[PDB]
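Yeah, one chain of the complex is gone here, protein chain that is, but the others are all in their spots.
Letters A and B mark the chains as written, and numbering starts fresh at 1 in each.
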Amino acid sequence: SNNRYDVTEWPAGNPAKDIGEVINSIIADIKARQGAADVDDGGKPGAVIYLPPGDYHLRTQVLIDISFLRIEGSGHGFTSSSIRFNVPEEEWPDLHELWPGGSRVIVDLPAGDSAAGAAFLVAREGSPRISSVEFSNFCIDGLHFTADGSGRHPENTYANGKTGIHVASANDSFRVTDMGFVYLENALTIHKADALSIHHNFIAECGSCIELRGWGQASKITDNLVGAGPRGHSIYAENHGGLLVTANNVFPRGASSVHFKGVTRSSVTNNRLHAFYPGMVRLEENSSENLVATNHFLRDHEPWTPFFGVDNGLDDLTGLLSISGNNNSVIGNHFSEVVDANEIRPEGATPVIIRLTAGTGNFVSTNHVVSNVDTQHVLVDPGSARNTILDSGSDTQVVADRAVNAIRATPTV
Amino acid sequence: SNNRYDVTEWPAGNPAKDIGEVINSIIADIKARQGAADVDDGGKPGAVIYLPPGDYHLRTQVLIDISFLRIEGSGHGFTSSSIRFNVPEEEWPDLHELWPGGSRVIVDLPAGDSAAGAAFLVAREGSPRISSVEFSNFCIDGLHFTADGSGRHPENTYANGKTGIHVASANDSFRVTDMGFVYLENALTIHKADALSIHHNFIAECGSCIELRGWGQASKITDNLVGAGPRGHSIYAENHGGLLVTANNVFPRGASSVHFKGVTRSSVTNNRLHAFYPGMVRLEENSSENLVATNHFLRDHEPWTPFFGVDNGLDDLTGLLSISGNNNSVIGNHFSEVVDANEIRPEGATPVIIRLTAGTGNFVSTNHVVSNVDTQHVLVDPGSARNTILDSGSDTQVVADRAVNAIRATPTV
Partner (left out) sequence: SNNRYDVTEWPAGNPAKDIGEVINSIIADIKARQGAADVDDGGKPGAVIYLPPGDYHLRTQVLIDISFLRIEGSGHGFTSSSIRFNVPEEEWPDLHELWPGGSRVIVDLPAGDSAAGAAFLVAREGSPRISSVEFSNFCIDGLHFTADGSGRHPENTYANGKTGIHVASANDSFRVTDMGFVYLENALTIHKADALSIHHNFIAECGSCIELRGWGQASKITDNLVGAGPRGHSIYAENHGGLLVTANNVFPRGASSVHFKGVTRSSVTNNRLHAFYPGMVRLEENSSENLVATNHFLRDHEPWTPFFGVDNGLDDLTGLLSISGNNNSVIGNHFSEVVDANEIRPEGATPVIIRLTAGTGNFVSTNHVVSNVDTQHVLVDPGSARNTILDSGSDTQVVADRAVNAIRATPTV
């Protein structure tokens, strides 16, 4: 009636047993009360669904097909289930707690069609685009990872077929803020996103964290703490224009930190990025006219012994930043590269920092590499030409055909 | 009594009919209970006014003249009324919804003295400065644009004399966060602002979005999604010092993206800016000692046919970034310029990217322009001198008097 709901004060269902059913029942009530689209200049204002702190099992997928639905909690509730599951089991009764908390949605769905494994599915076809759905300040917990045939401990596979929030349909002005996501194969997957804001979340110990799929425009991913798994994405986007990725602190152990396919006229600037593997920032498949500026890159070795010898399958010639596209701008970045000579792959290679594999007119200027071994600060493959490379390394450190690229060596000594 | 109010649980008035009267009545109650300024080290702590999701007509301006008032909702509620009003009317009954939603304040005021058309007016004279008023997570909707004599469709004029929030008086530590503003001639106009934060709002389809007027200090405009109209401002400030404009995604179709008059010692950095017209970033009237860094600029052509041939009246010689002032710093920006040779104005002109019209000592370094036609990457008018221009174009691309400016051409080939 006033469009405000509390999942613990809804007469149908029990949010401890199946919060999915409770929230779907609330959505049915909202639709039943908000049937008319144009009464007194309104009629479908949406609603807010509140999750007090608590442990809520979700056994039924929530389907969101209305605009202006806010689902909110009172705690992102993150704790490192990765650490706990790797603590010897005999010690567990002495730990102060074992599980995540906050306003906690435990995803008890089977694997899927990865969409069928999503705790929250936002889907609606026809017009207009579903708009201004808000997810705020709650926890989504996939609980366990499971055996995947790799022979790794089940809890270290980053595999369970669960998604936190999956948006399947064209959307406008969505927000995901202050969330906690933990132990999900995919935290947050949003297709066809316009003017989306993913802001100030904690998205960690998920196989993949943020994936923007299909296409999108004018969106932003800001002020997030992000940590993925070795076969997955930390931040991924495809066929986006005008995307802004800034003020994120991305820590291990994603396959990459930022991965673009067909992303144009976007900006990946002023992020702190830390990886245990090469291929931290990948601009692929005609990723063009992007600004990659004033980021702090750190690549070093996994120190945590349960994941020692786990990697993303990419060798040190890959580059920390790899670009396949035209007319990008790579300006003012810092690269710390820490590798041991005896584990450089392939054997005896000179690791590369910035690699230009294809495209023309890439402008690379004023980048500082600090490395414990010799590196190729910039490697321009013969398939990329007419690039401009300034103050990003000495002549030895910039491997490039001087006949078809403009190179200025950083002054030395 | 506990200083928490809900507009749907206030005995006087009806928030569906006139939420303005309801909120003014609440403000009167707060003042009546909080009369003494110094009882037990306190006495005027303010209050919070909650707007549940719903459609609320405002027929009376809300006057806020107390410090520490928070007005909060549960949904920014944006949908594109611009798209809807341009969809053929016969199809409207098949649309899933027609209007914005969330915690929605429908501004049913007549035009004004633009202040008289504001849904919320913050005004108080005397001392100290009104402080720490907070606007959070609600929607302000001006409902319709109206005929303005231009012969454009009424809904495409961006003209109705309505303002969302107008702050007339000197203020300190104000916040506007998580808001939605739609279909207002002016979304948000704040005069005399100290240490203001305008953060993570969605401010779109308004004639002008953010205007900081009169003067101010130490303020910031961060993480906003902003889109204005062709005669208005996206982000505007005058006589501000120490302003930080960062992490915004500004999309069309403002006259400009960022417009400064007499703004000094401020920073416009790490924004994504997209316009359909020249004059995207304007530093005017002694705008000096500002940093304009690592922004992504895109200028291209309006693709949406209802606005085809609508422009901001400025030609391609204007520049994407135009500077009239001293000692600014323009560093690490990316400029994508997309124009068709046959529509360049004036006929046969070479479009300019960065223009220095007046002032001395401007430092312009390491800027990358990508353009489908030849451009003047930097044009230094004779009225601007003693500038330093580095790695922002070849010699041909930097039009400047070498006798009185320090120029280093980007190395070529």
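Heads up, the rule we're going with is that a residue touches a chain if its C-beta (ideal position, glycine included) is under 8 Å from a C-beta of that chain, and two chains touch if they have at least 3 such contacts.
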Exercise for the section: Consider the whole complex, including the chain that is not shown, and state which of A:77, A:207, A:216 or A:230 touches that chain. Expected result: A:77
Practice task
Return the single residue from B:222, B:287, B:384 or B:410 that touches the missing chain.
Solution key: B:222
Handout entry: Residue of B:289, B:300, B:311 or B:315 in touch with the missing chain, whole complex considered
Key = B:289
Completion exercise
Sole touch to the unshown chain from B:267, B:350 or B:371: residue B:267
Practice task
For the chain that's not shown, point to the residue among B:16, B:48, B:63 or B:358 touching it.
Solution key: B:48
Practice task
Among A:21, A:55 or A:185, choose the residue that contacts the chain missing from this document, as touch is defined above.
Solution key: A:55
Exercise for the section: Name, in rising order, the residues on subunit B that touch the hidden chain in the full complex. Expected result: 2-4, 37-38, 40-48, 67-68, 70, 72, 124, 126-132, 134, 172-173, 175, 177, 195, 197, 199, 217-220, 222-223, 242-244, 246-247, 265-267, 269-270, 289-291, 293-294, 327, 329, 331-332, 361, 363, 365-366, 388, 390, 404, 406-408
Practice task
Could you list which residues of subunit A touch the chain missing from the display?
Solution key: 6, 8, 16, 52-55, 57, 74-80, 83-84, 87, 91-104, 106, 143, 178, 180, 200, 202, 204, 223, 225, 246-247, 249, 251, 270-272, 274, 294, 296, 298, 332-334, 336, 366, 368, 370, 391, 410-413
